[PDB]
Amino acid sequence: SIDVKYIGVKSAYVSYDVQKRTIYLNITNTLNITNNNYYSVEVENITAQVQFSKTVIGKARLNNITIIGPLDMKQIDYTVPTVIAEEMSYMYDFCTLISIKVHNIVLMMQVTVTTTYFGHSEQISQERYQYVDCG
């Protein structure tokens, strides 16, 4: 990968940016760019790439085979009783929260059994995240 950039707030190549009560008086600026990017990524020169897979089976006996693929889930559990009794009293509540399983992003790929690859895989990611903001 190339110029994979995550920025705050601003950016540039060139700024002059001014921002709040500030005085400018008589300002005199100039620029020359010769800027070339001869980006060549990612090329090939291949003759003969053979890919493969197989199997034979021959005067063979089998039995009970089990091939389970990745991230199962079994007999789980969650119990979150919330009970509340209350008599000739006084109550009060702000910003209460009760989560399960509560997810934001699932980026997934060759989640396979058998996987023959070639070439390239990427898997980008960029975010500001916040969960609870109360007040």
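Whichever C-alpha set is largest while still superposing within 1.5 Å between the two forms counts as the rigid core. Positions refer to the first chain, counted from 1. First, how it differs from the form deposited in another entry.
The Cα position of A85 differs by 2 Å or more between these two forms after fitting on the rigid core. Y39 is not among the residues whose C-alpha shifts by 2 Å or more between these two forms once the rigid core is aligned; its shift stays under 2 Å.
Give me the form deposited in another entry now, not the form deposited in one PDB entry.
The text that comes after this line covers the one chain and nothing more.
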């Protein structure tokens, strides 16, 4: 990456800002900007690049061979009983939540078993979070 920017309200190269109840009188503004940007990113010179994978089996006796990749989820139990009993009562539930297995951004990058990788990998995940706003 080069320029990652997070701004809460206002981003401005040149900002002449005037707010309320302002007497803006007799202003003379002169501005010169000479901006140059030069970027040389991911410039690659490879004369040769080799990837080789070889598997040879000969006169072999293989048994019970078991290979399991990543992310092996087994025997998972989620239990949320919710019993509510009334007896001449007064319930005011304005903002209540029951949440299980909640995802916003889930990025997987090259989840495999056997990998031969050459190159560039970039991940950007920038945000703002407001899970609860209950007046």
